[PDB]
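There are 2 protein chains.
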Amino acid sequence: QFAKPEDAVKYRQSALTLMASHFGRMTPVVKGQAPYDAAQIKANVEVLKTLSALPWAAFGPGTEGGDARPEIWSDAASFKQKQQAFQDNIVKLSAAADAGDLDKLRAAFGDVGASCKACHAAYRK
Amino acid sequence: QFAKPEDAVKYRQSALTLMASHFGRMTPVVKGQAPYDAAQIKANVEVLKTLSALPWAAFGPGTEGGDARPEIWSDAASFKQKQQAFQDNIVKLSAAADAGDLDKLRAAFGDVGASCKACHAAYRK
Ligand code: HEC
Ligand code: HEC
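If you read the sequences in order, they're chains A and A'. A prime marks a further copy of an entry chain. So the first sequence is numbered by the entry's author numbering: it starts at 1 and just counts up by one. So the second sequence is numbered by the entry's author numbering: it starts at 1 and just counts up by one.
Each hint should be verified, as a subset may be incorrect.
No copy labels: a pair is met if it fits in one copy or bridges any two.
[To be verified] When the alpha-carbon atoms are kept at most 25 Å apart in a straight line, the in silico SDA-like pairs for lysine to any residue are as follows:
no. : residue 1 : residue 2
1   : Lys4      : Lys31
2   : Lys42     : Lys104
3   : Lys82     : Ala114
4   : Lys42     : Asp7
What the hints contain is simulated information worked out from the structure, not anything from laboratory work.
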């Protein structure tokens with residue numbers, strides 16, 4: 001869907017910005033600093049689930065740029081592993097949010113965050 | 001969810017960028033220049049539906065900036081009308097995509113585009 005590589009960069013950066021907002025806005029809730037409304041978090045995680053599937057299609061062949069390391073493309077299987085692991089952890093977060101269980105939400109949220117950090121370390125400049 | 005007004009600006013700009021990609025990538029399909037796969041478009045419109053609900057919460061009080069005209073805030077009822085009309089047209093696009101009807105998709109897509117343009121004219125610098 002991208003006329004030039006730059007367009008893919010702009011898309012993924014926006015997707016990741018949104019993803020990050022929908023994840024990080026739950027921090028005060030998982031820490032207990034903000035109240036836990038199970039329905040609010042369920043709805044928010046549903047949005048996060050949608051967003052978290054979006055960035056990966058915008059790292060297609062030839063879309064090198066932004067802060068993406070070139071190893072995303074030359075190690076495609078390893079990058080794909082990190083993104084599928086992250087998405088699998090999003091599935092676990094969805095299950096916790098759907099269950100309305102603050103303890104499971106906290107644990108699942110920590111797993112997601114670690115998946116973000118792991119891909120960041122390997123694949124972001 | 002925004003620590004500073006700038007954060008809201010960055011969020012809405014990213015949401016609108018994504019929204020725009022998910023809408024505009026269907027242009028060649030509605031024009032017949034790309035093939036029409038009803039399931040592909042149904043799935044894409046589902047993503048667009050999610051995205052199209054997101055920007056409005058990031059124009060909260062005191063989040064003036066970006067290319068947002070200040071009239072968004074001083075004419076809140078009029079801005080809200082444009083966004084709800086746009087979202088209602090997204091509902092019509094969803095129905096067309098769910099029905100797998102290229103004719104209805106084309107018409108619904110044109111209505112959505114006109115809603116984008118109308119808000120742009122009134123509320124974007
Ligand atoms: C690889 C499988 C990743 C996972 C999982 C996550 N992110 Fe990431 N992120 C990744 C890359 C390669 C990049 C750079 C993209 C580019 O072309 O510049 C990023 C970038 C971000 C950004 C900045 C986006 C911007 O506005 O420029 C943010 C804020 C970000 N990533 C956040 C983030 C979070 C919160 C994640 C889990 C919820 C997450 N990322 C996962 C690669 C990967
Ligand atoms: C009001 C109810 C709007 C509707 C409906 C749409 N858009 Fe819009 N858009 C609006 C504003 C006020 C702004 C400026 C936001 C800011 O703070 O700068 C925008 C901006 C865009 C952008 C640019 C985003 C960026 O990266 O800076 C795009 C690409 C855009 N809008 C596209 C677009 C499309 C395709 C719409 C319908 C599918 C659409 N907008 C609707 C206000 C409104």
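First find the shortest C-alpha distance between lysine 4 and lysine 31 inside one copy, then the shortest across copies, and answer within, between, both or neither for a cut-off of 25 Å. Close across copies (21 Å), not inside one copy (42 Å); limit 25 Å.
25 Å Cα cut-off: does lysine 42 pair with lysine 104 within a copy, between copies, both or neither? within (13 Å within a copy, 33 Å between copies)
Between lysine 82 and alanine 114, at a C-alpha cutoff of 25 Å, which is it: within one copy, between copies, both, or neither? within (11 Å within a copy, 40 Å between copies)
Evaluate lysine 42 and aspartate 7 at a C-alpha cut-off of 25 Å and name the case that applies: within, between, both or neither. between (32 Å within a copy, 23 Å between copies)
Consistency note: the structure conflicts with none of the earlier hints.
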